[PDB]
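Each chain, written out:
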Amino acid sequence: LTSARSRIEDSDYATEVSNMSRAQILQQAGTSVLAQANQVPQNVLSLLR
Amino acid sequence: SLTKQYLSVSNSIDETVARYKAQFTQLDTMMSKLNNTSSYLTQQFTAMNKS
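Protein chains in written order, with PDB author numbering: chain H, 447 to 495; chain S, 417 to 467.
Hints should not be assumed to be uniformly reliable.
[Said to hold, decoys possible] Sample of chain S residues at the chain H side, in silico, Cβ under 8 angstroms:
hint, residue
1, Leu-457
2, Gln-460
3, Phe-461
4, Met-464
[Unchecked claim] Capping the alpha-carbon separation at 20 angstroms, the derived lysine to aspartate or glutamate pairs in DMTMM-like fashion look like this:
hint, chain 1, residue 1, chain 2, residue 2
5, S, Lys-449, H, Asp-456
6, S, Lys-449, H, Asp-458
7, S, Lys-420, S, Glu-431
8, S, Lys-420, S, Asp-430
9, S, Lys-466, H, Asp-458
10, S, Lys-466, H, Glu-462
The hints are simulated quantities; they were obtained by calculation from the structure and are not laboratory data.
The beta-carbon is built from N, C-alpha and C at its ideal position, and this holds for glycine as well.
Turn these sequences into a full structure, and let the hints guide you.
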């Protein structure tokens, strides 16, 4: 019964570590692309005159 | 009768001692399995964190 409960409940560290890595990376890349996106409109400002 | 009863009780006691020891042996085998598994899990965590 202990083994059965382990199966139903216990997580897998390997899988979860890979997941965390993927998440951290998506987050960092998102921050970067946001930095690039914020700039976009300012190309307009050059046409201020 | 009395040394006879001793024969009987000695025999019964011996059966019981074998039983207890056997239970302990099987339990320790289970320990072996779990220890090995957790140990390699631990090394994996240490390395992937060193990452």
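Compare the distance between the alpha carbons of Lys-449 (chain S) and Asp-458 (chain H) with 20 angstroms, and conclude whether the hinted pair is satisfied. Judged against 20 angstroms, a Cα distance of about 17 angstroms means the pair holds.
Minimum Cβ distance from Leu-457 (chain S) to chain H below 8 angstroms? Holds, because the Cβ-Cβ distance from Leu-457 (chain S) to chain H comes to roughly 6 angstroms (cut-off 8 angstroms).
If you take the shortest Cβ to Cβ gap from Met-464 (chain S) to chain H, is it below 8 angstroms? Holds, because the Cβ-Cβ distance from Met-464 (chain S) to chain H comes to roughly 5 angstroms (cut-off 8 angstroms).
Is the interface hint for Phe-461 (chain S) satisfied, with its Cβ closer than 8 angstroms to some Cβ of chain H? Holds - the Cβ of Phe-461 (chain S) comes within 8 angstroms of chain H, reaching about 6 angstroms at its closest.
Given the hinted pair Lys-420 (chain S) and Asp-430 (chain S), is their Cα-Cα distance within 20 angstroms? 15 angstroms, holds
Sort out whether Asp-456 (chain H) lies within 20 angstroms of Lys-449 (chain S), counting only the CA atoms. 17 angstroms, holds
Against the 20 angstroms threshold, does the CA-CA distance of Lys-466 (chain S) and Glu-462 (chain H) hold or violate the hint? 16 angstroms, holds
Agreement of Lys-420 (chain S) and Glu-431 (chain S) with the hint, judged by alpha carbon distance not exceeding 20 angstroms: The hint holds at about 17 angstroms.
Straight-line alpha-carbon gap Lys-466 (chain S) to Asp-458 (chain H), limit 20 angstroms: 19 angstroms, holds
Tell me if the interface restraint on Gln-460 (chain S) is satisfied: Cβ within less than 8 angstroms of some Cβ in chain H. Result: holds, 7 angstroms to nearest chain H Cβ.
Hint check: no violations occur; every hint is consistent with the structure.
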